[PDB]
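Colleague: Below, each chain spelled out in residue letters.
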Amino acid sequence: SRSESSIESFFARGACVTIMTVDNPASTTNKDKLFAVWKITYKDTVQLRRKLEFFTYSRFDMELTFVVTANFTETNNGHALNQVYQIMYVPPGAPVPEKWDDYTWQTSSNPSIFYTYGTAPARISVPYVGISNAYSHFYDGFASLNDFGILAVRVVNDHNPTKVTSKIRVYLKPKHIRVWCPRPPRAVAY
Amino acid sequence: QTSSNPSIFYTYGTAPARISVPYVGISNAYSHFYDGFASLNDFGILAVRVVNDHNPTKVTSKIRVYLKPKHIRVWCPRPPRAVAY
Amino acid sequence: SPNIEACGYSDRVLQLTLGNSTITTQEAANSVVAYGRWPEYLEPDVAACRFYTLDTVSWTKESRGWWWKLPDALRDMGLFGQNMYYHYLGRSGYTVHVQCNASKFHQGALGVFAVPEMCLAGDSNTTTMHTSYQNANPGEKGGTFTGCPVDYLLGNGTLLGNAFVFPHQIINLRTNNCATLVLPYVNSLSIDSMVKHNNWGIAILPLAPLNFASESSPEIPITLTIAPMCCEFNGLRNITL
Amino acid sequence: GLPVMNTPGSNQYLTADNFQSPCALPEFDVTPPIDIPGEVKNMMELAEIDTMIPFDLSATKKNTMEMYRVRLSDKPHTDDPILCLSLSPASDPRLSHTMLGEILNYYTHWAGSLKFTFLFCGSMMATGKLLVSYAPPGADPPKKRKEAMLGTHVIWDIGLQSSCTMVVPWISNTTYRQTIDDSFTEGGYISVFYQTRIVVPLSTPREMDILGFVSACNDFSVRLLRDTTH
Amino acid sequence: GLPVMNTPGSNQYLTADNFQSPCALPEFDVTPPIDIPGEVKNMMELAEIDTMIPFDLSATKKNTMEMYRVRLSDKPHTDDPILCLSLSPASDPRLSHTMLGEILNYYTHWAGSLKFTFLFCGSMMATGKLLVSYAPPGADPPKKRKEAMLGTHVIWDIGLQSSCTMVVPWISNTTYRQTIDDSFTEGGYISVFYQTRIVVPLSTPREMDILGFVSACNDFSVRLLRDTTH
Amino acid sequence: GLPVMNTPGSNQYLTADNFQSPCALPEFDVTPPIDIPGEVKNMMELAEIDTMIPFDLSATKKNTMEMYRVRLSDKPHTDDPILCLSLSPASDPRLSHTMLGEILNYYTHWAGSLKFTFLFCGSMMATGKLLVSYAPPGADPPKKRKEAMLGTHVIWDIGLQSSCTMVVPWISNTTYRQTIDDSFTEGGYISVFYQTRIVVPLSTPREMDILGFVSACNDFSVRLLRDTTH
Amino acid sequence: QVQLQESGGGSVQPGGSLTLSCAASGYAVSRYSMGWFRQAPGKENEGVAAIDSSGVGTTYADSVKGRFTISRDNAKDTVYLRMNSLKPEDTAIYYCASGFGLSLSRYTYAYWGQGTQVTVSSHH
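Chains as they are written, first to last, in the authors' numbering: chain 1, 71 to 212, 232 to 279; chain 1', 176 to 212, 232 to 279; chain 2, 1 to 42, 55 to 159, 175 to 268; chain 3, 1 to 230; chain 3', 1 to 230; chain 3'', 1 to 230; chain 7, 1 to 124. A prime marks a further copy of an entry chain.
Read the hints as simulated data drawn from the structure, not as lab findings.
Take these hints with a grain of salt, some might be off.
Said to hold, decoys possible - Taking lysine to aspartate or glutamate and the DMTMM-like style, the derived pairs with C-alpha atoms no more than 25 Å apart in a straight line are:
| hint | chain 1 | residue 1 | chain 2 | residue 2 |
| --- | --- | --- | --- | --- |
| 1 | 7 | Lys65 | 3 | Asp79 |
| 2 | 3' | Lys115 | 3' | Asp35 |
| 3 | 1 | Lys113 | 3 | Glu66 |
| 4 | 7 | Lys43 | 7 | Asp73 |
| 5 | 1 | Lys169 | 3'' | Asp181 |
| 6 | 3'' | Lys41 | 3 | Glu66 |
| 7 | 2 | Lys73 | 3 | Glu66 |
| 8 | 1 | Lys264 | 3 | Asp227 |
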């Protein structure tokens, strides 16, 4: 008896990987400027990272889920309608979005997900997008790692007098995962 | 951030939340009354927080928990507790 | 992990003769296949698949250890160095053979670790590689650990004690004088650039310190012979000269 | 449409679910796998791999090379053990740092036998006799050879065979032994003793070491995936 | 997707539902059961177990040892019963505290026969004759032996057999007899009478007791799960 | 209705979905197709079509007729190539503008062999010899005939056959060669050299041209649909 | 887990004494025992005194036997090292550690300390 200790069952957990921060100002709040860009990496959090580091290589179907929370910032009695968000997965190495305005945001080829607030958190499947036969946890030769694309998020609704702050939580569940050579674990801090 | 522990996000206004936890006994059975040398058996703990961030208007909440034991079996029978606990 | 007990001294001498080359192994038995996989195919063949001896290094009471890179080490070895350098591609297995001789009067234990993708000391995970192409590639003379690879951290941020997860043998002076490691080609790709990427990492560290009685040899020598196995390179490119 | 009825649970995201979801990139030509040696099927497989124990975590010796070195010194025939170790794989600072223990830091329970292997790293020409001993859960640490001699034990002759394996049987109360930090969990006792006192040939340095390896067995299991990271 | 239509009931949580829900811990190695003696399949099984009746709940005797003691004293041949009990298992303070009655405090109905067993706890050497009697629902409590003698009854000889079982047949109107607190539910009448007057050997203490046991039968059932707790 | 449970993903619009939707015009008599010649099944089919390379994109020659003209001038027997081209189909300004390259501007990877065809457009009566050469990924651009002669190459006789096809084998590291703008991706080297020096009959203009065509092969593929437009 | 602090360390005089102590954490000293090791500067760890908690029976090294004392109080969670008749060699880097028991053996001790230095012959 050992099923709940198998590779699939060791990683069959959803773990927080990042918390993107966007907003809907009625003015010049260009830091978020409604958008935030995040380079998709496991390396930002530590729990998921170490779990994946007991090995050197791995193939993994990656299933993301997006929980979006909102709130008013200024102590105002101001209102707002239920907002829509756009979450884009930009496939590995493609034009990186800056401004919330620019062409890139029309993504003929890249996927996109519109999420209406108040419903069940968003969810997408990305197959093994490795450029190699396996993803290289640690890499040797002559960081960038392997790359898993980038996530861009903006408020689509237009500038509302009442400024609204939002936070998109990303969760990564690696599914149908296999691994290769095993190295001793990272004892210390990263 | 519970790498291993479960978690449930519940959006307000929808159908109340629901999870199944299998027989998590450390023994072959849960011990209602225990003899030897309270903590009982233990069924873990529940933590709940508001995830949305600090809103000028303070909001009070109450999470009611309901326990339905399913596919339940029992063993030796003692006379009932007559008095107050 | 390598809890074996062949005989102890010496029994029979069986010499491996692969082409022009000729080793006279201690015996031959007590060989470890890495992960239970022999090297295999996915052009100097039998002419290029012959054991080349690297330089001999001196093991003394104060030795911290040594390390090598494959293919890198054998980059200067005739037929193998050439087909390696005149091709954009190349994959190949290796028969690593480390000989460590002494007497019934010396003592200690050497751990011969074969580590795939053995990146060395540069805690900069926000960036591996680091050390210039020339530093990371010391070729045949090899690199040394220090008390820049830290010995107990196997020079990669992981406590030595666990190095036994990678395939390995332990040359224990009272038991064996040789370690034999058949290492198949390990990489993220079918075939890749041999000049840029290093497949394996041969590591040899003093697991037990060296001790000699009264007065004898102030130090003892260790030798590494490496043999390419199932080596293919694509595609007959330039022949510059 | 078909009469439907939303029940409790709807709209909730269960981190531990197992539901299908829409594929963000339809018909992507996924690069097929290649049989790279060393696939791992389960975590308990990594524990069955022999790993070196850092027996001597003394103030100066812990966190360095010599933490793995057990030096047969040159002291009295006083039965005072020549290493004692509590088989509380988790609730004892030494065993916790082996691959075995490392896996044993992600679960609440473990069951099965373990095996302690020792490799003698001393000058061929020397001899003597040692005794590695076990003492089931609960008993006081056997402080005299005479005591250790009573429990499960093997007489390990240095002269003959350099290595010695002593399997720790699975002697315990419950079905699943607690892998947590308990008050005084039991918990075997692997400890070597000077059966005799080291014989030395002509002029060997007279001080040599022994290394220790630990590993689980095929009958070793784990449940209730717990965690921690900081 | 498939045309669907949310009907009435959606989003409501029915405490008494029977729906499936997502398993919070996937693939947990559950510890299997062991056949520990005394499994219980149904609650009505506990009632079929004989239990001691506290017949004498007098001011000083209720809530202590002697509440279970029926003392054959030494009074007139006046037929005045030597214990009377209303078979209103719930609507009578005595019967309500037996395992039988305790289960009968979680339902609205009951049907079937009950059996009153009495164990004589008097000095072997003594004799005499007693008569335990029943009186179907409605009738006035039979105050004279002559009356009690008319209803279903057994002559229990002390001398011969120490124990006596008198089954109360299921004589009632409705299919399910009301287990609630009704005005004057009926309701049998189990009561022992001095058929004779106790014979005593040489110099016995002359005062002994009898104990009483009650239990349901295989034909005993309950419905409409009611409750209370405070 | 049937017990249902809304899971994560509901109410979201995935641009790349594949779901059915209600038909805005029921029973419309759609006009049936007619077999018009030239159907296209896949995009990689368009690349297998031979297309003219604009070899000479010099300041005055790029964006006009002569960008497609390779003029055999009249210079020294100095091996200095008579056209060099980096087979970095995307990361080289010339190859990027052929149908082949154009398709190679909508994906992240490509694999397979390509074939360079050259049509000599010089006065029949003339002769001489040329050598088209390839040089696998990495190597320095072969600057002397002697060098180019070492790599895969064909001796193209002008006199005999006006056209010459030289297939570029698929010599590369990875399974899928990167179609993006990399630092120095490799990357073949198709280049013609003056094997001899042009022989001319009586009084021909002495300066003629050659055209170049490129196309993929049946073993040519692409993945991860990328884009751009402005 | 348990981090016991070495107290009482100071520079005294030859023929003198000095009291040392280590307070528990992680567990109640009473289960594991406690002892002291004086790793003389530039030499190996050197055992001096050991005592068992829940079964008091002391063990001393022969180099310090008779003169040196060790005691315990499981109620105050502290271990008491009584070093008497201190001399110039007795100048070492002292250490307290917890093992099983009660057996001065280079180790057979888990959690150690920081190292308290007692320079006996402080005066020349």
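Colleague: Taking each numbered hint in turn, which are not upheld by the structure, reported in ascending numerical order?
Modeller: Hints 2, 3, 4, 6 not satisfied by this model.
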